[PDB]
Structure formats: C-alpha cells, structure tokens
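There is one chain below, alone, in structure tokens, taken in the form deposited in one PDB entry.
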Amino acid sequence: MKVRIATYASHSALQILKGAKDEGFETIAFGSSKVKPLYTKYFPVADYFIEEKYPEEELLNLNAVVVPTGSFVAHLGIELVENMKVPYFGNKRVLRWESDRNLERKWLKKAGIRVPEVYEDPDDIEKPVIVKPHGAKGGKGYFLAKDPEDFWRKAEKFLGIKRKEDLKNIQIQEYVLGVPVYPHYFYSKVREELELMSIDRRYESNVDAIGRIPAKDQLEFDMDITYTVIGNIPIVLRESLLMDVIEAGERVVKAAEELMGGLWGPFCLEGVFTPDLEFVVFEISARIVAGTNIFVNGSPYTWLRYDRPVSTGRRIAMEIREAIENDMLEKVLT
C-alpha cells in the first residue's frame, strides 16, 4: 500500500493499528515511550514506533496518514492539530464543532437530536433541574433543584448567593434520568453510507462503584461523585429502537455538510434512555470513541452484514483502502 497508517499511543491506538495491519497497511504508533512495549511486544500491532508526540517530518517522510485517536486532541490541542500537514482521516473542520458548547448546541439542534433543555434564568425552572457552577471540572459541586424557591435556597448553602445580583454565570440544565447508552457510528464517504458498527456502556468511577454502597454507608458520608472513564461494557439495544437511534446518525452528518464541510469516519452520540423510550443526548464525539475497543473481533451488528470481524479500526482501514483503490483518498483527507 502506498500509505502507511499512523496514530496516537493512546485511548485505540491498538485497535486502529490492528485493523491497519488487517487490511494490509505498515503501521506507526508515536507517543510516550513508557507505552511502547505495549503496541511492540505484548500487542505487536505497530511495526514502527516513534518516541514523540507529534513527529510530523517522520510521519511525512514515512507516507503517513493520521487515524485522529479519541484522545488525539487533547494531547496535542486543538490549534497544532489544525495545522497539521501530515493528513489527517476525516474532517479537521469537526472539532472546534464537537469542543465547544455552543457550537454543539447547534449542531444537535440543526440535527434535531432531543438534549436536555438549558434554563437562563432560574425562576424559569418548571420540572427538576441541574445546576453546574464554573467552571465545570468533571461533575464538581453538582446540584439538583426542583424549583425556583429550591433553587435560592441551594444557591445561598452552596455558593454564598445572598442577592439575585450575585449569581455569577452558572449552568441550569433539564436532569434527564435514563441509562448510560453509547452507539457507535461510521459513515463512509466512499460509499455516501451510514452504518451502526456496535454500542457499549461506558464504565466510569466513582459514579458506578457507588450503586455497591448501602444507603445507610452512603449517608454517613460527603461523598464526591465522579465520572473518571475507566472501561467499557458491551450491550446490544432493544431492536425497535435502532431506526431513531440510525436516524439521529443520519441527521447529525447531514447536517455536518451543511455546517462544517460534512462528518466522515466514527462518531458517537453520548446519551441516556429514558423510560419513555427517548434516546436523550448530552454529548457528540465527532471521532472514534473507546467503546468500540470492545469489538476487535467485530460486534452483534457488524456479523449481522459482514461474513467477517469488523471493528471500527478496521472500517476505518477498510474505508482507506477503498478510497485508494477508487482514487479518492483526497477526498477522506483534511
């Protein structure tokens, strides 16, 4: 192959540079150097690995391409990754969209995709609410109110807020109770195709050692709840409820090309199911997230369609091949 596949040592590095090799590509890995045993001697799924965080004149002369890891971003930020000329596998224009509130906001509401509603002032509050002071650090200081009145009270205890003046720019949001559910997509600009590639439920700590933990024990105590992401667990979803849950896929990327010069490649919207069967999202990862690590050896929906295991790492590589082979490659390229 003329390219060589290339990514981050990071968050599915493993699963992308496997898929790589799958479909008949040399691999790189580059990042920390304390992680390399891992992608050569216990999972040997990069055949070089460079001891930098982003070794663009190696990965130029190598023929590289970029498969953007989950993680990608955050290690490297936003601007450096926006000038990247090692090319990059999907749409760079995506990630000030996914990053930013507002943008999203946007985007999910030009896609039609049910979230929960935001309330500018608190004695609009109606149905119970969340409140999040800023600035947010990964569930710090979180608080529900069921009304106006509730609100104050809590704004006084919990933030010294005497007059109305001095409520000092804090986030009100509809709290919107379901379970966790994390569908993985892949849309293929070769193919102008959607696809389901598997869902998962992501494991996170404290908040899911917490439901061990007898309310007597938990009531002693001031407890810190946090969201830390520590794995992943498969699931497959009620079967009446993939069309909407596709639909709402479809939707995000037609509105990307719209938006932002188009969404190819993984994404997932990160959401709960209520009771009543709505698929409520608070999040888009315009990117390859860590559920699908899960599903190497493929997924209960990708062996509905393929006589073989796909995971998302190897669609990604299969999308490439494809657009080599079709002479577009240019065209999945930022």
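Numbering follows the first chain given and starts at 1. What changes on going to the form deposited in another entry:
- If you assign each C-alpha to whichever superposition fits it better, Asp124 and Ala155 land in the same rigid part between the two forms.
Given the form deposited in one PDB entry above, what does the protein look like in the form deposited in another entry?
Coming up is the bare chain, nothing alongside it.
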C-alpha cells in the first residue's frame, strides 16, 4: 500500500491504527513524546511515531492520510486543520457546523431530529434547564437551573453574569430526563450506504458517581455536577428502537449533503431516550467517538453482518482501501 494511515496520538488512535494494520496499511501516530510507549511498546500499533503536534512535511513524505481523532481539531485548532496540506479523511466543511451550537441546531432541525427546547431569554424558562457556556467541550461549566430566578443566581455565581442579560453566547437548554445513549454510525461514500457500527453509554465523572451517595449524605459534599468523560460502557438497544435510530442517521447524512457537501465516515448522535421511547439528541458528533474503543473485536451489530471483527477504526481502513481499489480516493478526502 502506497498510502499510510496517520492519526493524532490520542482519543482513539489505538483502535484506528490497529484497524489500519488489519487492512494492510503502515501506520503513523504523531503527538506528545510522553504517550509514545502506549503506541509502540504497550500496544505496538504505530510503525512510525513522530513527536510533533502536526509534522506536515514528514507526513507528506510518508504518503500519510490523516484519520481525525476526537481531539485532533482541539489540539491543533480549527484554522490549522482547515488549511492542512496532508489529506484529511472525511469532510472538513463539517467542522464549522459542529463548533457552532446554532449551526448544530440548524443541522439537527433540517434533519428532522428531536432536540431539547432552547431559551434565548431566561425569563421564559418554564422547566428545569442545563446551561452551556460558549465554546465548551466535554461539558465544562455546565450547571442546572429550575426557574428564571434560580438561573440568575447561578449565572452570576458560575459565569459572573449580572442579572438582566449580557449572556455571553451561552445556551440555555431544557434538561431532558432520559438515559444516555450514543449510537455510532458509519456512512460509506464508496458503497453509498449507512451502517450502525455499535452503541455505548459514556462514563462520566462526577455525574455517574453521585447516585452511589444516599440523598441524605449528598449535601455535605457541596457537590458541583461535572460531566468529565472518563470511559465507555458497551450497550445494545431495544431492537424496535433501531429503525428510528438508523433513520435519524440517514436524515443527518442527507441534510449534510444539502448543507455542507456531505457527511461520510464515522459519526455519532449523542442523546437520551425518554420513558415514551423518544430519542432526543444534544449534538451530532461528526467523527469517531471514544465509545467505539470497546469494539476492537467487533460489536453485537457488526457481528450480525460480518464474518470477522470490525471496529470503526477497521471500517475506516476498509473504506480507504476500497476507495484506493475503486480509484476514488479523492472522493473521501478533503
């Protein structure tokens, strides 16, 4: 293989590079020198490790294609990623839509996806809400509020926002009481087909630790609720829920084709399921998510349609190999 698969050494590089290896690619990890043993000693999946944030020149010399991990754009910056000369697997135009909460909402609405209600004016708050500070990833700064007046008290406490607006591009969103579900998709541009790869429940601290503390005991912890991502727990869904989850994925792809020149490769809809079986989506994560890391040896969904273990990392490598073999590699790269 002429093409090598390259990834930023974080988030899901082990899965991505093992999958590339399994498909006959030579593999490149780049990033901190601190994490190098992980990819070369403990799990020898990287044929090359480059101790640089973005080694453009060497990657071009190695015929690298970058498979973006879930923190690649974060560590490098969206300006650098969009001007990179090294080929990028997926559509770069998708990046602006997922960095803007209003563009996220516009995308979801067009794709006919159920979303929580949003309030521009805090005085209109009619039900418990979750407040999302601008540009926040990983749920940092998030806090809960019950009514218009509880919001102002906490807005001044956490964000310093004096009463009566000056709301620095925060999002005030209806808190939806449902169980967290994260379906992982893959859209094949080569096969013109959408697949369900797997599903997980993200494991977050301290939010998934507080239910172990009895109600009576919680006060003296002086608890602030945090949504720091720690890990992932494998799940399957109720089978009768699969069709609407998959259709939601189809509409998301179709909407992206009409808004941003398409969505292909891995993606995830992060949301909850309510007691009335509704899937309410908080965001479209148009990338490989950490949840796919469970399924190195395939998932309960891939094993229904494949004779071998297929992770999202392997599926990415499969797509790139098939694009090369079908003489259409440029079609999946931007």
